[PDB]
Structures are given as structure tokens and as C-alpha cells.
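Working notes, structure below.
A single protein chain has been omitted from the complex, and every remaining protein chain is retained in its original position.
In this document, chain identifiers A, B and C correspond to the written order of the chains, with residue numbering beginning at 1 in each.
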């Protein structure tokens, strides 16, 4: 019955089920949750673990005595439940000091502070066993053209990531970084707005092997992009270090719906790709239970994330294993797409009259791709109408 | 009076002013143009040169005798006018054989043909003096999830670009490649949909130094992205090999309006950045005169592209040179954004109590960025209201 | 097995399966179809009937002898198959004369011609038994601000529709009009861009009872709008005279995918609403088989439209009939939403201290809406995971 177990590796941010429902036009609709109670509540649902921002575990401005007791209580809930902490991250967006950014703030002292805050939490992340450290530069960007020279800001962004990579190397940590793109909100435009921009930026770091992406379903969809396509490119690059799952109904504010909501067909093709590719990291949900809900609806929504992943996994596997689909894939030439165009090499291609001079372009053009039958088989599988 | 001269390097595709106005719901509204007459007509307007697809110079399926006479006539118009041909490209989208792509077609024979067609035109491009060879993979992509394994397709795309780079190296040509991203249309989703995705892909080629981007204003805006930001990232990467200028009114079909139309403020900030950065390549217009127009309106629209570039150039230069704006930039800390965050190095940063333990975050947060005054100075400059 | 029969009332435009695959960057990939063969082919698939533009039945500029033989051949295919023609429409977009519009062309003679062309086809539509006459003003609009005074254009649009309503009244026809909104493409902005704008405009006609809407799934989604919501408003207004079904993957060019493709969840909620409301008109598909397909894929895609409608109909009915869902609807107060707010009347409301002075807003606010559990039941039903 699509019941999750910890071996499914489902994880959740403390800030997700813990979202109090404050939006830019409304006050909180739910009380804050003790992280201890979310660990317990999630473990009961079948989750594998939790993630946190530094401020989602230890309230900003804590004395070290308080910090110690916050951590201690959290550590006991993990031990009580068997939950893990595979990823953590820094809040560089909530406090007003970060109103123009953390790593790319125009104010140099803020940039320095953002790094000092980030490094403190990396140490804590390692202590709690995280393998991935995410950065979402939600305040990096601008509302107006003169406010941000983006060439200078990317210099400042490279600087920061290079320093964090020097730091983890100096400490001998095994943790790796994952940049989480978003195209806008809360800034008018955010730097590194998509998976492609983040991938490209990483290739300009001193130690590129230490940084990957953490793409979020709804964020690429906020640019009207195909999320499964961007995940394929991240996988092709060897850079899918982590993944954020949720739903989004098109180009609008970041909704962070429960996974499977939003674009259901894209959710199907995403799961198909993650499972085909053997992605083995956490299946992490970054989602807000809608503020219409009380705490029972919070946990229902969380359960739904996991349930929908496992239904889509079953339907995609059944699609890929159906001999009628395999035949259709053959009919649509997907096997040909995986064979080299010219393993025979450039000269042989140049000398191959069958590639140009005697190529029958009209017979090739007349050959239908048969993609609509293939896609209606995929639809039939998704809906259990086979 | 904002009169262009060839030294402004303005160029135009033959397919732009030559667009007959056929759209997906309407027939042609203008006759086809002889490329000779467009070269002459553009030179009279002050353009520096023209670009072409192979099929926009030599009709598909020409005998070599016909090909020779087409080229000869074009060459004479160039010589008659002093016009140049700085860029050329391949039509891998119009013919039905390319209905599932050229380089990433599922059919291997089509992929081979696409390369054979591309290489033939590279030789011609070199003969006519082009320094940049553009690729727009407008048919590379899918309408449905099962039709295109994107991992395999990027393998096929890398293959193709690697082969074209082996070819130009083997011939000793100096020409370089520029990939032109577009997120969708005519395919439901197009591969390498944005500047970031193209930049990232190039870093996976055998000879990355040979490939840059040719970003188009309207295409990044079709993903709701900030075009000046993406140009800054391309410039930061050292990869702005060429630029396509036009206008776009938001997220919708590719309009290819005359430059300055669409998002006027973004046009201002683009020109500001190109001129600040000392971009020295062609200012190339990829635009469709609307099909409401007759041939006089075609040439009016072309003239307008150039005029609007030169007005925005003047207003941006005046903005950057105004001592009141310089002071505002200082007030908004843009100078600080250009200074290293931590040239003193990681350890010094770690030991700097002013970066954390004794950082006054409340006083930093209280400091306004003054970006609205800066932006109203930019507005006043753009509108000539100073 | 979700097999359609004519009693399902599925209809298709001749221009849908007959689309030759010409897009704004590519030539045709399929030959044209004889309307006779599409009637036969669709009847074999289980369709109820077909619709046409005047130019999709009789080629533009036909002699009346030719027109007669075209009609005669079509009439025989209808009789041979039992197919019906419930709707027809005018092509006021393909010919270059309509480059600035038909009814709102700036040129008065074109406006007159557009009406003369429209009235000729209304007579033919009546002869073939249509009950609905659609208008899609795809060329009505502008690319630039000065080109179209929209106040004057709406005067010209009202004029035209008023004249067509006088005409059908004068002839004693029973046919009714349906305006099909689209927000853009082929014009930069199209007038009456959404269901709401069309509904509002109709209330300004001389005979409002004669005009409704024909909303198309993909067009409202091209404005990022909720198609089921707009259909509910059209139904609430008593104005859903006809409906166009297809799919659309977000805000981009009009894709006209096969129904069920695009936004699958929205397709579910649409079918739920049409069936709940007892909509009894044609279930009309306005769709393009992708130009990757040959004619077998054309018919596969058409079959898929019908299949997906019938699967979604079954799943929605099962949702609405499930006692667990009924209970959830009760828990989410949907029954309360259908009860008058204040049947007791204004004064009683004013005097009801329970409505303000003694209203417990905190207890009301604390009551969760339970919408996430309700929606996961809807998801479970859609996917057959109950």
C-alpha cells in the first residue's frame, strides 16, 4: 500500500512541516513545532531523516549553553527514533542584515559575517553526520539594474564558495556542497537562477569536485523549465548531489506544494529518471503544508509526499518493464538515440556518401516518430489504465 | 541624431528583414527578398554586415552550379557595399527531416546528415569571412517524456559539437562556435534551454575554448529570466562570443520584436553592460518585422533597431559619467561589492572577531541600501529627465 | 476499456487531425487530408462528429460549382458514417488580408469583408446542422501600443457581433455564438484575452442571450489561469455554450497537445466539473497531433483524447461517490460553502452579535480546513491507488 520505510531515504526539512504559515499577506496559522516533536512525528510516518538550517535548530543569538542544550535534545530524538541528518544549510535570508544578500551583499562586513555563520554550521552539520551542505542564495540578486554589478557579485560568490571549500579541506571533512537554484523570490531576480547557471558557475570554482546542485522541482518550474530535463543534465554532469521534491502549479510565487501536487506528469517523469539513473541520495521534501491546515493536515501532507513518490515509482517501473512499451521505445528509435552518431570518426563521416550526397532525406522525413502512442502508453501506466 | 555607421558593427540576419511573415496561423504577407537587395538596403541604413543560414543564401537542394552563382551574386553585393559577414549558421529546423532534431534526432542517419550539412556551411562561412558559427538547436528536445532520453541526447549533442571542433581544428580555421539557447518553441522543451545550461554544457566538450554562447534577448525572457544578468554571467565566464538583439513582451511565443521594443528598461541595462564591459563583437539583430508591415515598414523596423541601441548607449554612458550617479553608487556600496570579501585569507577571517563575535548585525541591518534613489537616477537618465 | 462511442459526443475540428505540421520554423511534415477521409477515420475511432472553418471544407476562392461539390462529398461522408456537425466557424486569420484583424481591422473594408465571409459560412453551418457558431478573433489585437485603440476596437467588435445577431434573428436560425478567448499568439496581445474578458464583453451586446464562450484548455493556461475555475465561472453565468479540449504545458506558445497531456490534474478537475454540472454539449478537441507523427500517430493521438476523457470521467465519478471522500468534503465544510451566508437578511446579520461582537475568531482560525487529506484522496482516486 505504498507505505514508506526509512530504507526509502525520505527526508524533510525542519522548516517544512514546521512552517507556521506566515505568508507575505497573513500571520501565522500554526504554532511553532519543537524540532524534537517533528523528528518523532516524521519517524512515525516512515521518514529516514531530517535536515535543518542553523536557525531551524538553534534560535538566532543563542548562548553556547543554550546551543548545547538544543543540540543535545535534538541528538536524543535522533537516537530515540533512528532518524538521520543527511543534509544541513545556513539561513542567510531571514535576518534583516541579509536584505541585500549574504555572500554577495554589497556591504563587505555582511559578506564576511555570512561566511562566519556558514562555517559555524558546517561544523555542526558534520557533527550530526551530514554528507551534503546546501546553499540557497535567496537574497543574492536585485530588484533594479544599478544595485548589483553581476560580474562583481559572481566574483564575490566564487570567493565565498572557494573559501568554504578551503575550509572543509583544511578540516579533512568529507562533506560536499550543493547549490540550490531559484530564479526569483524574494529578490526580483536571484543570481544563479537555474540548474544550468549553477552548473556553469561550479566549473569556475577552485575545487569543482566539491560542489554539485540541489535542484528543487518548483524552482525550475518557476522559470517555466522542464524539471526532469534539468535533472538529466545535472546527472549527465555528475552533479546531482541532492534533490528537493515538491510541487508547483506553473509560473508564479514559489508554492512548495506537497510532492505529486502541481505538475503530476512531470513528477512521474522525474521519478522515472531518478530510479532509472540509480540516484542514491536522499529523497528530500522541501514543502509547505498549506496554511489552511492544522497540525493533523501537516502530517497528512507530509505522508502524501512519500506516498506519491512510491506510487509514481511503481507506475514508472511498470512502464519501463512492459514489453509493449519496450517495443514502442524501439519503434520510436530511443535505442538509436543511445548509439554513437559517428564512432567511425570524422573522416569516415566525411567520406560516407550515405550521410549526405546519397542520403534519402524524404524517406527519413516521412518516417513518423510514433511518440504519441508511446506517450499514451505512459499515460495508461501512470493512471493504472492498462 | 543617433545615425548608425558601419563602425557601430550593427548586423542583421538575411532571415530577419527577409521574413515573409508566415506564422503558425497565417500565410506570407510579403514576397521573398533577394539577399542582394537586403545587403544593399541594410548598407544604405548604416549596417556593418549580414549573417545567414546556409538555406538563407542557397536554396535547399541547389546544384553546385546554382550554388556557385548564388554565392557569386552575394559576394558582389558585399563588395559593392563594403558589408561584412561576421557570423553564419546552419538551418537544422525547417526541413521535415529535422522534425525530431538534427544533432540529437533519434534517427542516427539524420544526426549524421545534420553534421554533413553543418560542415559544408562552415567551409562556406569561412570563405565569406565569418569569425563565429552559431548553432541554434531549435528542434532538439521533446513534447513528451518518453520520446527523448536527455542523458543520451546530451551525449549525442556533445558528440556532434566535438566532431565540429575536430573538423575546424583539422582545417586550421580560426572560426569559433556559439550556441544560441532557447527554452521552447518549436519543441515543447528545447535542450540547453538557457544561457546557464549552454555554458555548463560547453565545459563538457573536448575543446571548450572553441565554444561560447550567442544569447538572444527574447529567448532568456521567454523563461522569465533577466537577460542582462545572463549576459553578465556569460561575460564573467569569458564566453560572450556573439549577441542576438531584439525585443520580447514577456513569457509567450518568441516575438522577435525590433530591439528596444519589449522590455525597454532591460534593453537599457543590457546596453549599459555591453558598453561597460567593452564587448567588441557584432551587435546582431535577430528580429522579425511584424507581418502587418510592407517593405517600407521592414526597413523602418530595421532602422529602429540601430537607433534604439544608440539612444540607449548615450543615456547609459551619461548615467555612468554623472557625478551624482557616481556618488549614489558609492552610497549604495557598489564600490564595496567590487572589493574582495577576504583577501586576508581564511585563517584571518576565522580569527576576525569583527566578522562574527563582535559584528554589530543590527547596525548593519539598519543601513539602507539607497537603491531606489539610484534607480530613479537611472530612470531620469533613460528618459532624458535630468 | 474506455472505448468511446458516438453517444459520448466527442468531436474534432477538421483542422486538428488535418494539421499538416507547418509551424513558424518548419515546413509541413504530413500531406493534407481529404475531409471525407477524416470523417471516416474519426467515425471508426468512435467520434460523434466534426467541426470546420469555412476554408477547412471549401478551399478559399472556390467557384460555386466547386463549393457545391465539396459540400456534397462532405455531406455523403456524414451520411455514410452517422457523424454530425455541431459547430462551425470562420477563418478570419490565415489570409494576409486579415493581418491586422477581421472584425477589428483598422481598414474598414476589411471589417466589412470579414462580416460578409462570416455570414456566408453561418448559412452553410445551419445547412449542415450546427447549433453553435464559434468566433476566435486570433488576429484582433496588436504588437504595439499606438496601432490599436482598444476602446474603438471593442466598439468595432460589438458592432460586428451585433450585426451577426441581427442576421441570425432575421433568418430565424436557432444557432448561437460562442467566443473563443486566447490571450496572445499570433498577435502580441489579443483582444478579449480570457474567459472573463469575453463574458464581460457579451453583456455589452444588444442580444446577450445569443452569445456564450467556447473556452480552450490551453488558452486560459497560456495566461497562467486555472481552467476549471474559468469553466465554473462560465457555467455560473449560464454561458458555457461549447468547450475546446486539449493540453498545454504552461505559459508558452499554444501547444494544442492531445487532451490529458499537459496539466493532467487540471484535466481531472475539468472533467469532474463538466460531469458534475451536467454539461451536455459536445466534448470538442482542438488539438494538433505533433508534427513528429505520421498519419498512424495522428489517429493514435486522436484516440488518446477520447480515452483520457473517459478515464478521468471514471476516476472523478468514483471520487465523488466514495463515502470516504463525502465525509472528507463534510470535514472541509464544502457543504457549508453551498449554504447561504445570510438568508436571514441584512438586518438580522447586523443584529447578530455572534457574527462580530461575540464571534470567537481564535477558535474559528484554529479549525483546520483538512484540504490536504481531501486532495490526497483525489490523487489516490486519479491514480487508481485506493
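Everything below uses one rule, namely that a contact is a pair of C-beta atoms (placed from the backbone, for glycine too) under 8 Å apart; a residue touches a chain by one contact, two chains touch by 3 or more.
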Absent-chain contact - pick from C:41, C:99, C:291 or C:315: C:99
Candidates A:27, A:66 or A:324 - the one touching the absent chain: A:27
Identified contact with the non-displayed chain, of C:78, C:195 or C:243: C:195
For chain A, the residues touching the chain missing from this view: 21-29, 93-96, 98-100, 138-139, 143-144, 147, 184-186, 188-189, 222, 249, 251-255, 257, 261, 290-292
Touch list for chain C against the chain that is not drawn: 95-97, 99-100, 103-113, 115-117, 119-120, 142-156, 159-160, 163, 166-167, 170, 183-184, 189, 191-201, 203-204, 222-226, 228-230, 232-233, 235-237, 251, 265, 268-269, 272, 277, 319, 328-329, 332-334, 336-342, 346, 349-350, 352, 354-356, 359, 361-362, 364-367, 369, 371-372, 374-375, 377-378
Absent-chain interface as seen on chain B, which is shown: 2, 29, 221, 224, 250-252, 258, 260-265, 289-290, 292-297, 300-301, 303-304, 307-308, 311, 315, 365-373, 375-376, 379-380, 382-385
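As a working rule, only the chains that are shown with their structure count from here on.
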Interchain centroid distance [CA atoms averaged], chain B/chain C, Å: 38
Distance from chain B to chain A - Cα centre to Cα centre, in angstrom: 29
Per-residue multi-chain contacts in chain C, two or more chains: 29, 251-252, 261, 290, 292
